[PDB]
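So you can see what is in the structure, the chains are spelled out below.
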Amino acid sequence: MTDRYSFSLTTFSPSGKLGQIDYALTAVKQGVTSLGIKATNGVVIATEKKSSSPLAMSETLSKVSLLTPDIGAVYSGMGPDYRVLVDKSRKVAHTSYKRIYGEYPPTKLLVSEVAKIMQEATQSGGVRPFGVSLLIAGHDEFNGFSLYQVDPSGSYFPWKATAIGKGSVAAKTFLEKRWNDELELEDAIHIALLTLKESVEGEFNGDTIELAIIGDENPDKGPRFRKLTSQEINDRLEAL
Amino acid sequence: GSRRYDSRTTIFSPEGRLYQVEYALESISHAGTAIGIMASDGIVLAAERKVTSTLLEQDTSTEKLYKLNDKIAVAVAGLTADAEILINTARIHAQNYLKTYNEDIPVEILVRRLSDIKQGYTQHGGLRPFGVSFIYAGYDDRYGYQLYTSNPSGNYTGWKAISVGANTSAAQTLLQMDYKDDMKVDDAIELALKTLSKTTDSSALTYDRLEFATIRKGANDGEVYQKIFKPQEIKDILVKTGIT
Amino acid sequence: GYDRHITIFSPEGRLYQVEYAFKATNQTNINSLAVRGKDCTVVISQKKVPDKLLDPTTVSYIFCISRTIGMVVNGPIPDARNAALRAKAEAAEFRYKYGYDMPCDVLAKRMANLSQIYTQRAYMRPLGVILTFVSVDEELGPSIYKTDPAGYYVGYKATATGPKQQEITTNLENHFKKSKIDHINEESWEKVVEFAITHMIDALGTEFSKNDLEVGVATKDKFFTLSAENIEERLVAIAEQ
Amino acid sequence: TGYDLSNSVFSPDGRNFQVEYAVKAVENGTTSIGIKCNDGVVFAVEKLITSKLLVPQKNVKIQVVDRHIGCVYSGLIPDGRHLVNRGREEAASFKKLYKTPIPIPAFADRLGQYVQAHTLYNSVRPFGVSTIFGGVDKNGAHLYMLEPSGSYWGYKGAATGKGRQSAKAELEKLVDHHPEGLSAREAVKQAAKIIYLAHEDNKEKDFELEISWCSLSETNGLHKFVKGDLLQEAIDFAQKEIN
Amino acid sequence: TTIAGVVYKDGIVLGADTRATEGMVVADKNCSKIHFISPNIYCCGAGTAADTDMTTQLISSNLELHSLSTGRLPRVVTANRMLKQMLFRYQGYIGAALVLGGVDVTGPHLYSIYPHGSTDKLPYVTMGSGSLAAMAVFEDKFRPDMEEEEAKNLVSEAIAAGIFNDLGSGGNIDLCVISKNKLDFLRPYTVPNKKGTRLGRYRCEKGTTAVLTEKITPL
Amino acid sequence: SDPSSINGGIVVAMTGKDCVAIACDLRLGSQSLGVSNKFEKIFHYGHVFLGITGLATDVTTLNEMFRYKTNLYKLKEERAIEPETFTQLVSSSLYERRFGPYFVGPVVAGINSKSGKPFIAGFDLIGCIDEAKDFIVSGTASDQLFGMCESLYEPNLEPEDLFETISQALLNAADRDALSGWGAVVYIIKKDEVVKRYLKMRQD
Amino acid sequence: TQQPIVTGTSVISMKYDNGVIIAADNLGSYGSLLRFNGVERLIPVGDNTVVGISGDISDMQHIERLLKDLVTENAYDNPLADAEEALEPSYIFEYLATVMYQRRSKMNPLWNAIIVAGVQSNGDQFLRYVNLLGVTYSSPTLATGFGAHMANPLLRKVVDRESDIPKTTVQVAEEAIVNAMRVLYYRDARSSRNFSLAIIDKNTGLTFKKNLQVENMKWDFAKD
Amino acid sequence: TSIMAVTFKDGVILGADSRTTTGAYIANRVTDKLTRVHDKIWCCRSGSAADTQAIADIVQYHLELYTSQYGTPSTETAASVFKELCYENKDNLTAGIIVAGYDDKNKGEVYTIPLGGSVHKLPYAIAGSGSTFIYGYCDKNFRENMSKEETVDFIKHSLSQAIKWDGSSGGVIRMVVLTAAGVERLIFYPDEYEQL
Ligand SMILES: *[C@@H](CS(C)(=O)=O)[C@H](Cc1ccc(CN)cc1)NC(=O)[C@H](COC)NC(=O)[C@H](CC(C)C)NC(=O)c1cnc(C)s1
Ligand SMILES: [Cl-]
Ligand SMILES: [Mg+2]
Ligand SMILES: [Mg+2]
Ligand SMILES: [Mg+2]
Ligand SMILES: [Mg+2]
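Residue numbers (the entry's author numbering), protein chains in the order written: chain A, 1 to 219, 230 to 250; chain B, 1 to 244; chain G, 2 to 242; chain F, 2 to 244; chain H, 1 to 219; chain I, 1 to 204; chain M, 1 to 224; chain N, 1 to 196.
Be a bit skeptical, because a hint or two may be false.
In silico DSS-like pairs for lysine-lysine, Cα to Cα no more than 25 Å straight-line [unchecked claim]: (1) I:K200 x I:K190; (2) I:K117 x A:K98; (3) A:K50 x G:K179; (4) A:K88 x G:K49; (5) A:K116 x A:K91; (6) F:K225 x F:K48; (7) H:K121 x H:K180; (8) N:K121 x F:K96; (9) N:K105 x F:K96; (10) H:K195 x I:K17; (11) H:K206 x I:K17; (12) H:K182 x A:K237; (13) H:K29 x H:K194; (14) M:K106 x M:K68; (15) F:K100 x G:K49; (16) N:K90 x M:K106; (17) A:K116 x B:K50; (18) M:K68 x F:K100; (19) B:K240 x A:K166; (20) B:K99 x B:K160; (21) A:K231 x H:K182; (22) A:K91 x G:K98.
Which bits of chain F does chain G cover? Going by a derived footprint, with three or more residues having C-beta under 8 Å, they are [to be verified]: (23) 5–19; (24) 112–126; (25) 144–153; (26) 163–175.
No lab work stands behind these hints: they were computed from the structure.
Every residue gets a Cβ at the ideal spot worked out from N, C-alpha and C, and that includes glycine.
Kindly produce the complete structure, drawing on both the sequences and the hints.
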């Protein structure tokens, strides 16, 4: 055993394309639809719990993850890749930030750290890029509420609302029509449930949908991240 | 073994070119145009964002113009992630120099350092080069206002006005036609926007598709001030110059 | 076409080595099944000893990882033992560092994160195995968690693995559609094992002797495998009703 | 295609062709066998006499690990020696920490994990040997056989090399005709016969028989080579059975 | 310092004084000696204060990451192990003397952790320069399975013993009550000493100090 | 021999009503020998002020180090660091040299720009935070300052009342210490103006 | 650098016409405490060598394992392990000597004095000393620690130079050794009555004698 | 500290006092110095509490991992792992450990590991500061193949005396009985053992 892959597996092709990044983006395209919407008093992130079998307990598989008490993440693409990014995101939020400054990182900086990790898989020796795009929603004291997208390249962009994966082109058009700068959090949740219904084939309820919010503090502070329960989603589906 | 899969990123072609550098430059040619224009009383950085949707949150967005210290800024063309790696390295080098000499880093020294890092990826290590070209806008008390560019090869050069990214051929002709040595910042602002307005692949140049910045000594008591323009301010300067 | 030899993306966004590792999974031609009782988790697996020269006592794909955790493997034995040794080592290190027995799901996630590394790093190949972990967890109760070569993992009410997994899965799906509960409503593990065997017989359409099966049982504070005679007693009870 | 050019690459089948090619080197080698008896194990090997210049009884093939384990292999002889060297390091580190000599199943997995490790990377070649080994521990006798893939199982009888099918058939007769078990001295005689019968597949050149054994009664649970009168008695028994 | 803990019927009561000293001088009369490890586990700190602070923080941080990955509340044994194995590694040079108390899935647990990496699991413990004063109160009055308000009083009484009789201890009494149903962080629980009242005003009037030069800069 | 008292000198900080004050002497010596009477011990990073007493090479080194760190902080965060955050940064930085520490006694002072709350803090040489509202003292005449501050101080002072309190605390403490004095500086810090005053004191 | 904790006292030995004798008491002292009364300090290696060890008992047990391990290792790929390529006293000694000096040179000694007694392939008597400093020497009589002061004077009256070795029978040599062990028991405060004795003869081979005792003890003059 | 392990007919019993002192201050008067490294392999700890705890945790780990791979370890194997740690790290440890365990094959076994890192297999072993006072008593009163009740009394009387004379020892006498029947914990309070 010598890890002899000390050379890049992502290289520029004659056209200027980085093949493996493009192919990672193709893997993200095949993944299940997830979306994010930013309100004035909160952010909502949502996705479909595409259950691999009905015998599987889909509650155990969390697509929406808490990164810090005020920052949450959802994805489209390869689940195992997402899982190890969440692990590294949580850790870097402590090592390079909380243990130094005594507070959690702001959304943009944690996003930047994740983006850095993804970039390194795009240039380091003997690795493929991550096959996920992340949607990171969060709040911090000086920047307020924010929503970011992070791609396999390591590029990140802030969004008012967006979607990634399967039906993202259709979902983004849907959001463009519905979004305004005076949405309350409940209005954004309502729009998220509408937008997500279009891309979902089968059952559409609280057990097959995962949906979380960055909002008010839930009782030093309380955490702003909150994952909606199966019941809480179903209640809003009756007013749909 | 592994040799089978090795692209060999650090070799010469038979013509004496570095394949990956050339192909990275091809990558950069498709990136949004960035322009730097140096006047007698300040520098202008202007750059065009790309793809953009109505849903992109522009006021919290930074893909083109980055700050290295209080005296030096860069405009980016290429992979934004690659640039941010190099930017954080440059930001450290500036602070290491400040800590060592108790003076702000001279612009050329920082530029050489970054350009030397880029060079290293072309000569050893077997890794792909950084798919980034920088325009460095900066000031120091030796040479005053300075514009530089670096590219994936690690070569850097100084400029009075320059473009990187898309349509540089067209952009550089238009700059070469309307630039003059006695020019001022307000005039250079206008030239930069007029150049982007003509070379853009979009139908029209609007505030939401632009990042804009100025390095003026034009401040009270002869001190250098960096101004990264806000979305509303870019919209105002577009109306002032008569583009919208 | 070197995108099919190492773990890098094909143009479709696919890792062919991961997919081919999944195919190595069925190379043994063995079917496993796992179900949960009230107090227990039962895992059964086919046992095939094709050579008469083999010592049948050493032919096993069930592993005692810790006292509480059992692991059945669907896949070739060298990779199974690779995974078994690591899982044992991880479970022991966990108890030492954190002062309590490694939970079933925590181990499953740990082994899954290791499996993920082989799909991203080029020098390491994936293991050609699917690992089904079972325990009676002291917080979560009866637990079934499964890991694969992709690095995916998930908890199960019940599961099945192997060439005829779909038949066993649908057989189990149909039973839980009737009972409308996540488990076998039974007090004794002996009867949960009888259920497991019965529902494999129905799904696969094959009768079993005592040497054709291999059974693992997780209870509170121990996981154990049944002997041939313990299985024979189990088979007698099935036949008698 | 190209899936067979690099070790640790899954073909579209789910196979590692380089390992299967290593098996061909094993199949090319001389015949080696193992027989589990009542209170021990017997190992025997076919040594092809390439020339008259080979010194008799000198080029020993069977190797001892610790004091209680015997190893024999067919295929690339140096690869077998490399594996036994490792086995000796494993058996030494085990005894150093845990005091007791390494158990046979424990030892088997130590070789197993190491051989399997050589199918995980392209920078190494798989082992070109099937290794038959075993001995007597606290839980009694154990015979194992370990393939290039890392696969190993416990055996009543084992055989590998060019004459393996011939040998396996003979071993299967012994398993059927002796359910109550075979004695250590019987197993030595039977081992000699089976190597002699399996020599029909390598019949061009004549050969030299080499036998070893661990037995709780006959050798105090230690690995010893069958020498002198007992070796000649086994050769005579084998020569009688072919005629 | 005087820090103590008791195991009562429903859970754990931790206690601490509030005096931080440099040599013989009091630098802070109201400092927090009860640290957060996890939502169900707290740690009283004595010995070298820096070591006490950064050891609890590091283990709290690592337990947070552990708890995110496992998805369940962390245990007191794991907090205990992580502290223990670190302190042991550093062979007493990290001068952290902790009283670790919390409530698990497995019930309430109380530990004393020493700088060298030994731990005792006990129904009541005391540490710091006021440990003997506090332990006297526990030996006098402790009994197993106390009610909450009784245990609160016993710990408060034990911290008071340290405050008055030990010179290293002083200020207010902080408690932390941990049970399955709640966490009560009482700071301050008691103020046994009033701040001394000053009889004169010694503050100088404006223009009394002699200035050489002045500069004003706005922000 | 004792590194904390080779060069000498003192820092004191106080809170008032919508203001903080931080003050230091100007002496640098080699024990008995006075060398410089222009060695200021108070620095600032944005609106956060840091006094540092102790071994002068470490005072200088830490100033340069926190300038470095707060500069990168500002570039990345796109805002100046706050006193509460900086205090944690100082603590971290000191404790990462736990077994080869900087021989210093730092003092943070500033007003939180968002909340408007006046903030001060002190540290031992390995970064344990003294987090007191009233006052923080440091240096070779720390005992003297503790006594002066405890008797002179009272809460919620107006900026120019507070000036007289901190100045008299510094001056009278310094005059009872051989290794402090040779001049003094007092910063009066408000939410959006800072007044720096040099004090006239005995030059022995 | 350490300090010896549980210790063994004198190992004594001599050459005679056909071989060597070596002896050592069965005590593991713990300072002044006579802690362990069943410690064997003569450790045979094959059928031609006995290594007698004094000093730290934990370091002795380590050396005991190194020798046990040396036998195993010599047997590997060695068809003549019980014949021409068996371990010799001189091989066993040189190994130990190398180890002892290497350990002293890393400032981490095995805290022992060792006597390797045996008979070589060609019938020659082997008797050589090595200690924690790597110092080596041979002599017709060898003794460690206390025995060097009391046993050697008695044993040298039997074999005073090389030319006396062929004149000394096994009976005379064994008597002298057992006599010397008695003298040591009277006078060494850290010795015991119970000892082991090993004769390595070129004809009769290795004879290992356990549970011997010092007898014929003159105390009667005490009563006066 | 006063600790001892004693083999008898049905297996082995470990015994210990419960006092842990910091100088003259009794830091813990109800210490459990009998610690479990496997189901029926326990140890008595004396010396540095930090060191003997650290060792015992490492041993427990090694035997857990041994068990995962090779089944139940012998008492000898456990003693060998203790020894290896104690001997190799002798310069940085102060640990005097008695290891005691019950196999079905070997029955009761006692191994003592003193400061040096040497191992000694014995019918019974005594250790700790209080052991000095009972060498005379234990040597005179120990017999092999005692009954359970005789061995409980032998340990109770012995540690009673060790406690009486040694100030470093005291509190309750804990015992742990290891037989085929299982593991039994016993405790004996001052009012019982002081009047012996
Ligand atoms: C009491 C401990 S005692 C005397 O051993 O009973 C307190 C405990 C404590 C715990 C937490 C905090 C807040 N994080 C504060 C106090 N410890 C102290 O008072 C310790 C000294 O105990 C021996 N004091 C210090 O550590 C002080 C620093 C504070 C005053 C900020 N350090 C020094 O005085 C030093 C001098 N030289 C050093 C090196 S440390
Ligand atoms: Cl992990
Ligand atoms: Mg791979
Ligand atoms: Mg003065
Ligand atoms: Mg003076
Ligand atoms: Mg006593």
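Q | Hints that the structure is at odds with (numbers, increasing) | A | 4, 15, 19 and 20
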